[PDB]
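Novice: My request is simple: use the sequences and hints to build the entire structure.
Read off the chains here:
Protein chains: 2
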Amino acid sequence: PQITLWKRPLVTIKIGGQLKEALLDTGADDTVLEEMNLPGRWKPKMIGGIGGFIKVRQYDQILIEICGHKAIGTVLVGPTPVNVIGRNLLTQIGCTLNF
Amino acid sequence: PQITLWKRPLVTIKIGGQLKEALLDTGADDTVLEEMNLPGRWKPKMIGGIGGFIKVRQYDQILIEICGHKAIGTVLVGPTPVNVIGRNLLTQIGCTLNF
Ligand SMILES: CCC(CC)CN(C[C@@H](O)[C@H](Cc1ccccc1)NC(=O)O[C@H]1CO[C@H]2OCC[C@H]21)S(=O)(=O)c1ccc2c(c1)OCO2
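Chains as they are written, first to last, in PDB author numbering: chain A, 1 to 99; chain B, 1 to 99.
Incorrect hints may have been included.
A pair counts as met if it fits within one copy or between any two copies, since identical chains are not told apart.
[What the hints assert, rightly or not] Derived DSSO-like pairs: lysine-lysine, alpha-carbon spacing no greater than 30 Å straight-line:
(1) 14 - 55
(2) 7 - 43
(3) 45 - 55
(4) 7 - 70
(5) 55 - 43
(6) 7 - 55
(7) 20 - 7
(8) 14 - 43
(9) 20 - 70
(10) 45 - 14
(11) 70 - 14
(12) 55 - 70
FYI, nobody ran anything at the bench for these hints, they're computed from the structure.
Specialist: Below is the structure:
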């Protein structure tokens, strides 16, 4: 689809079998989701944003479907203010900025 | 143009007579720029992201040029680690997400 930006670009995603709402976030290198339960191994990591750094759990090679488009990549889980889909997955679904 | 997301979507902007680099950021409601001494009145504001909140100064009706596309709107100035162009200005230059 073509998505305008008068509203937040929120979309439904599927991860671990469960549906969620997430923000398409071209300013995020990485995908960060709010606290949730995910199967498989993970490693502790740090990520920094506008206000400082937080502790996250890094899940690699996770299946996630974004607005009907499949991706498999890294998903960080931790105290982000909102679920964000970052460039690591936006590239996988073929997302570009256009003006 | 069309901007892929393999790397950060950085572009040149012109604001307050200065050229700078800024992110085209669909996850940013507002536009936040590095500390710069703009003239005129302002109001304090707090904006939150990963890591918490930062204090910024809100200037209204600021002229910004983004890749030759002119816009005018609110700009927040503060100790942000990165300049981000938010949706308030991305809509004005006709920017969409597409996949
Ligand atoms: C609430 C949704 C986002 C937080 C997730 C909000 N951010 C915009 C993001 O695009 C920032 C924009 C950003 C980009 C680099 C550095 C600081 C901020 N990116 C970000 O935080 O990404 C992190 C996850 O991937 C990593 O790659 C970059 C940092 C990491 S933000 O910078 O904090 C921001 C910008 C304008 C705003 C605002 C919050 O409140 C209203 O106006």
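Novice: Run every hint past the structure and note whether it holds.
Specialist: Now for the hints, and whether the structure bears them out:
1. 14 - 55: within (23 Å within a copy, 35 Å between copies)
2. 7 - 43: between (34 Å within a copy, 24 Å between copies)
3. 45 - 55: both (6 Å within a copy, 26 Å between copies)
4. 7 - 70: both (24 Å within a copy, 20 Å between copies)
5. 55 - 43: Only inside one copy: residue 55 and residue 43 sit 11 Å apart there, 32 Å across copies, limit 30 Å.
6. 7 - 55: both (28 Å within a copy, 24 Å between copies)
7. 20 - 7: both (18 Å within a copy, 26 Å between copies)
8. 14 - 43: Cα proximity of residue 14 and residue 43: one copy only (22 Å, versus 41 Å across).
9. 20 - 70: Classified as within: same-chain Cα gap 15 Å, cross-chain 36 Å, threshold 30 Å.
10. 45 - 14: Close inside one copy (23 Å), not across copies (35 Å); limit 30 Å.
11. 70 - 14: Result: close within a single copy only, 9 Å intra versus 38 Å inter.
12. 55 - 70: within (27 Å within a copy, 38 Å between copies)
The structure shown violates none of the earlier numbered hints.
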